[PDB]
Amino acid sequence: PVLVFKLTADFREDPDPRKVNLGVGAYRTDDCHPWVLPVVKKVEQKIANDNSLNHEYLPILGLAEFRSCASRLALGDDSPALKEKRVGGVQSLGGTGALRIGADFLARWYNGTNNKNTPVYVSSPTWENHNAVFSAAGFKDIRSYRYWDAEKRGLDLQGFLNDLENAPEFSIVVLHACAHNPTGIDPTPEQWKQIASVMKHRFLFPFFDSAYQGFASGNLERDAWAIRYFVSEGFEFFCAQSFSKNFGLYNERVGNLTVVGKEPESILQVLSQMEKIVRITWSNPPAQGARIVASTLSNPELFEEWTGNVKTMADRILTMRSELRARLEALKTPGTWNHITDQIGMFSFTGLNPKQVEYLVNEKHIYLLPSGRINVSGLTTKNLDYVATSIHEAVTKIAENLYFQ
């Protein structure tokens, strides 16, 4: 599960001046540089001048203000679950750490004691590290639900539902909260209702993965609709949150595992068990990233500025999608390209085949995944024409099948 990071390493070492990194989902400005969000520079300065801050261990489960703030962002300020004190939060090492802690919990305490046979269902296709994290937790039966229909380039809703109907009771279902990685296609709210209905009837466990809240619609509230719907339907569930993308805090490793239970006693028990799992993994979590997020989200002014920074990223992505589609169309590139602008989040699942990716990587020094996934936030007004013309070359020169064409 380390392909994107190897892609980045190959890109850095490449001497060719034309090179473009469209692999890893990391935001870039229109001049192709990292963007430290304005709200983050401001809160960092406030931390650097605040002499009451010490370096003593945080609690095992982490910084209380951060955990509350994060769960609130997922669930909404007026969530009934918050009001009924049936919500817990475990500060984690980014989204990955939240998924891993959640996985280790389920493998020890869920559906019996030390049950490694509980099926875990992930999307077809999904993030590379999903299978790897759940296998590391010791789960033996990892399965796929139909998701991507490559013919219609949207959701195979009937397949998805049918796979969930046939899942053994109590199976764990890893659901992308919004901004599906890699397809950029999410269920509509009406589709989510049908999914939830099947999960409720078959007692399936929702394990949400929320790594991109803000990037699907530009609006934090709207991107959490599905999480909030599952709360309202009476589910207990996990939701692994990352702030790597929406705060641009990749290298400070800031995540939160939100837990929604039936009652406060449920949460107290789950959390006391999570303490043991954290202790034998990283002991307790790092402070800097969590303090930046806690400060931002607990202050109405910084919060508003932050949501404006997220909107800025989401809007730049929209523009890059429109521009790429337009240039491919003006070049008369074969096939249709509306899927570039239909898809949402950070990525486009372009539909290019593995030989077309190989051409782009080795001949044109444009780095993307063998699947055809690109990071749309890697495109810029300066690289767009090179990327479009290169895709055109690949699509016209490299056939799907060498013979019979």
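By rigid core we mean the largest C-alpha set that fits within 1.5 Å across both forms. Positions refer to the first chain, counted from 1. First, how it differs from the form deposited in another entry.
- Checking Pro354, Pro38, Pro34, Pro59 for C-alpha shifts of 2 Å or more between these two forms, after the rigid core is superposed, gives a single hit: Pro354.
- Once the larger rigid part is held fixed by C-alpha superposition between these two forms, the smaller part shows a rotation of 12 degrees.
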Given for the second form:
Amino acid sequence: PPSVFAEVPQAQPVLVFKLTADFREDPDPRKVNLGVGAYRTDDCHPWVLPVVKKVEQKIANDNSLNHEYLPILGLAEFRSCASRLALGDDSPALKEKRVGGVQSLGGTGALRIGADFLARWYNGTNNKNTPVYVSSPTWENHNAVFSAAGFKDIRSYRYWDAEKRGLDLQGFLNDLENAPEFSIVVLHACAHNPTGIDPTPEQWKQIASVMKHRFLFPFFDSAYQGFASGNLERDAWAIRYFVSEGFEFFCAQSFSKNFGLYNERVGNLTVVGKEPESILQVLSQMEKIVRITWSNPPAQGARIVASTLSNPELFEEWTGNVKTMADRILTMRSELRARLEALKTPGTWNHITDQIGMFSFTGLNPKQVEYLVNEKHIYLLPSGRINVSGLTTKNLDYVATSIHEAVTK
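Which structure goes with the form deposited in another entry, now that we have seen the form deposited in one PDB entry?
No partners, no molecules, just the chain.
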């Protein structure tokens, strides 16, 4: 009689997922949800980018388009344009033909494929022992993805200094100095998730130095290019510096946020190598991994991105749309800080504006968060992370005052 699945454990729900359900259930009228995982407008709505609507119309009216399998690595124009976006149009890595691009299922898919490749071809053959370094507090799914790829030794580098509400550069650099040679280091290219604190360009030069000295492999996660600061070139400054300093690396790019195309699963794994012929080989093995995962990737999202990035007018319109998003986020930061200061809230609050991108470590501790959630119906994670786009001109006063109460009490 007993089912073949009878002993399958009910998996634990994701913290963010439970939080938002608890919010929806909750009936008090002042409630705010600062744990949503995507950009929201000043009216608490999703935002389809005008350029996306425009390009979707053009796609729908282009009768030349068929539905035949894309190549295993993906739409050629999307892969070139995507890597060009990250590396910059006059990159030497590109001029010297030592850049590969694998279209992937969002940033998550690019991390996965990259991880699978490394667990098989990097630092030897099938070396699952190579240490993988991730930022202390990091995107939850970094660990899970590298574990799924087979890596058994996943480590933390120091990053968030709760005391000083900022980057522990010395901790970070120290941990990097002690890393076994050839260890993989998962770096946030900009808009650190979930803290919002990035290294400055000068701190990046120091990070790179240690990495170069200890032959560490950079695996960049670039989920926010342009969206972070409104400035595409500045958001890619670290990536381009590592290029200029001769590094070989992977960079997992997502277009979920910067195009608002979350549900079309558009990503690209950029590969930068020393010599061209070697890159051809890497791609050849990327194909094998893709084949046993998704076979080949979906077209619609990649078509939108490719059409946009290859047309200068649409490119301009898109950068405008992105700037709208980064300007709103900047503004809500500036205003949250100004209000907390005007209420003379204990502690410093410059971290709120030193941070960049949609997510902010507020610096509240778990008891303080418990107060906001339980007493004030303001929903955020124990870590004190908020989605800054969940701040609105309507709820700002209430949130600032609630945070003042929390810190004071």
